[PDB]
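For reference, the chain that follows is the form deposited in one PDB entry, supplied as structure tokens.
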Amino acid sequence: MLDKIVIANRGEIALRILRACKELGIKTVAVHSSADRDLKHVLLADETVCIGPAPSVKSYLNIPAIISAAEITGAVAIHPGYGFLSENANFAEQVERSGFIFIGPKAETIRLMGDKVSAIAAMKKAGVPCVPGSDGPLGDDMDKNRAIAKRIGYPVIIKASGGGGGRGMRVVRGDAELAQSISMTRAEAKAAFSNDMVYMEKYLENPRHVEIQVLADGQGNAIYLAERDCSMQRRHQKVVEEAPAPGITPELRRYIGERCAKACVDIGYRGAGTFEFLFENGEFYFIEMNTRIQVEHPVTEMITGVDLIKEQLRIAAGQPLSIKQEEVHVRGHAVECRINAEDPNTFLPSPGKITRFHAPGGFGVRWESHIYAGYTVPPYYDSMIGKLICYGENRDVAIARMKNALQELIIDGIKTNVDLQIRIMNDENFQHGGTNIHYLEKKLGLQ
């Protein structure tokens, strides 16, 4: 019944969604900005509609233009991908009210779980352990704020409730920096996400980032698809993700997986989502839920055989999961390296025209990207231009294949992080596995 869907996104994820539609005989409508007319998926799409000028605020965040596009092409559903309006409760409400299927959760669920402050409360209520913190928004009373920081114990982190992508988070190591770190985060969050709401959380020094993939049909069925380790980070943003997570025992996998599946049923969750945790000394601590598909979804696909984009579409078309928990089986290992148009050392954005391009191939090699020779990477958007995912019968083979595939990958004409990713694959501690969320920056000697 999903004859035509609007892909409310761009770049690599838009192409990912397009491919899934194409395989399923579903008509595609590519909505794009005036800077994105030459996107790969825009050229492969059945229909195209320019929804605004180059800036995201004036295009991909343009709610009325996106709905109008669905309206005028007579689409039935809208896939928001990740970022942009995918976790915008207002968007979902309006799409559904306009008579279109929103390929994601109900808006009440987006507001419960997509907003971080409310998410933590709902998880402390439902029987999921969280990181000790302010357990509410922070007020302007700075004596009250200091008491909190003393309860949980420095270092602490100030986090934006409406934040994402590593934005709106500042680490506080003592009272001397607390007032100004709160103020600057409120400001950064206000200008980046609207919402100036911030809370306080204990800053964990030695955890790993372990996240649990879930699918739920909104009819009372909910499964978990093992986990992903995403501990290799810079500026609180993921650089390498892998699945399964090393060193996670079957007893722990089942413990935490069942909690997340239970949480989904208890909240009536609908679609794909990810529960993100800080994992340290054998314990999981909930930090946030992404109520949407995630960038790193392919590594889970490769180890399970489950097509998560197709599953999202199954759920949106009103069909229950026909995958049961005992039918989920992990085989092998997959690693994903994000490819970013940025300086390999300074990490400042590198827009420009790609003058030469060559993609890697081979058994277990999966290249996810819209880039091509002669494609100009625009300055307006996130720097991630592609994803390289390698699968292998085991983790050593996955990493060996990634080294090989990074050696084949050519992207000339702009700076990229390919050199960085080769360095990480060659890191003896990454090869042993289980490095923490602070490792990459420590290795790079980043003050």
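In this text, rigid core is short for the largest set of C-alphas that superpose within 1.5 Å between two forms. Positions refer to the first chain, counted from 1. First, how it differs from the form deposited in another entry.
Looking at CA displacements between these two forms with the core superposed, a shift of 2 Å or more is confined, among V265, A373, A317, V171, to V171.
Treated as two rigid bodies, the chain shows a rotation of the smaller part against the larger of 17° between these two forms, based on C-alpha superposition.
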Contents of the next structure:
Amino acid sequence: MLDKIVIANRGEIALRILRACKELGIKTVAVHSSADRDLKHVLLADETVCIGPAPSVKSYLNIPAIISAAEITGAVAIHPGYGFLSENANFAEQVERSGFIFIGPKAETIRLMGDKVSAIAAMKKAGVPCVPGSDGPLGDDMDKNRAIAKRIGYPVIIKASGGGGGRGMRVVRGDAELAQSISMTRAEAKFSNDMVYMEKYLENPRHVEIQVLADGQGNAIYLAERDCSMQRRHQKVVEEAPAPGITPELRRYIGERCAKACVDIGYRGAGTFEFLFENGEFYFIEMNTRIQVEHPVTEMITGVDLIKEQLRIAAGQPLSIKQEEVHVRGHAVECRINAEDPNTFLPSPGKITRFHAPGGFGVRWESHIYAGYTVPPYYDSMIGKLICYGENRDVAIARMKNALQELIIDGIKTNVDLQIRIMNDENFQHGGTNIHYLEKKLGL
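Complement to the form deposited in one PDB entry: the form deposited in another entry:
No partner chains or extra molecules come along with it, only the chain itself.
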């Protein structure tokens, strides 16, 4: 058991991690910005350290301040949660070099999977199915680039190797646009890294992703999949597990290839392989080398506490859970709750004047918010996650509708009414909508 850890994050995930720590008897240190003194998890933590002012560069991305916090409190480990420094290989390195356990993968693994070109090469070698592509960086010889395009078959997509957040990529539908599309992506994505690659452009994929756990001692398991196709500006809005239409046989096929890839790259901890799924086929696009926001839907359908497993792995324990003990049962849906004007979709901070959480069988509310809590203007819009589990998908969705109606968040604007609309959407109710659906539905 880890004696004491620094929770190097904020909001709902910081509270998520604190709960897992409390369950396991692990002492907690909440590092926070000066704008986050009233966070629920900070108020519940055993120790707290204000690591700097509101701007993340001097708080949640402040590597020296976070490491000093660990030093002053005599912590043994640091959990980076998601976002912020979780996939910063320099942070991981410095954490370990400074004498602390980094609750995540090795820095080399973060680098390997953090660069898209190197990540694709490793997956291709490991036998994970990848999107047909250039399999390496593009030069500026445009006879050669037109040849790669022909081999792949248009339409293709130009992607920045250091790209992220839906930025640094251009869809190319023919030769005439190829030259300019490569040159501009090479500029627009100069993220500082000019390196671009070419992928086949999949025109109606679903987002299907595979959860893994690996102990970094040779054992790896997969915990089924999630469908996260309901997106806006490439940002996920609803997630569910398992993915509609995925058979046990298909699940086992892609699951086993991901688990094997973990062994090949010496992966350690929780991670997620993200695929575009189209015409019954999986195509690798990215590995998130950290816990994911939507991890709860997988927890609901497998019974596995993913955060507690992260902590056990970090403590140096081998996986106790064998693959044959992992069973998909029932179905779960997650609705992200955002402090945003639904129409303009940009953050809406302010004091919550009335709050009521939903309850009931299968209802799980993941949020730091409370009545009188002020949502600050500085950080991400997501203030909570509503997760509903049922014996089947219909029951999960029915419970989500019921839970969303009970959820009261007054004083700020939220996307609750939108989540109600998505739950009531006939195509969502059928299932299997693609990554373009929500924007088409809304008019975006």
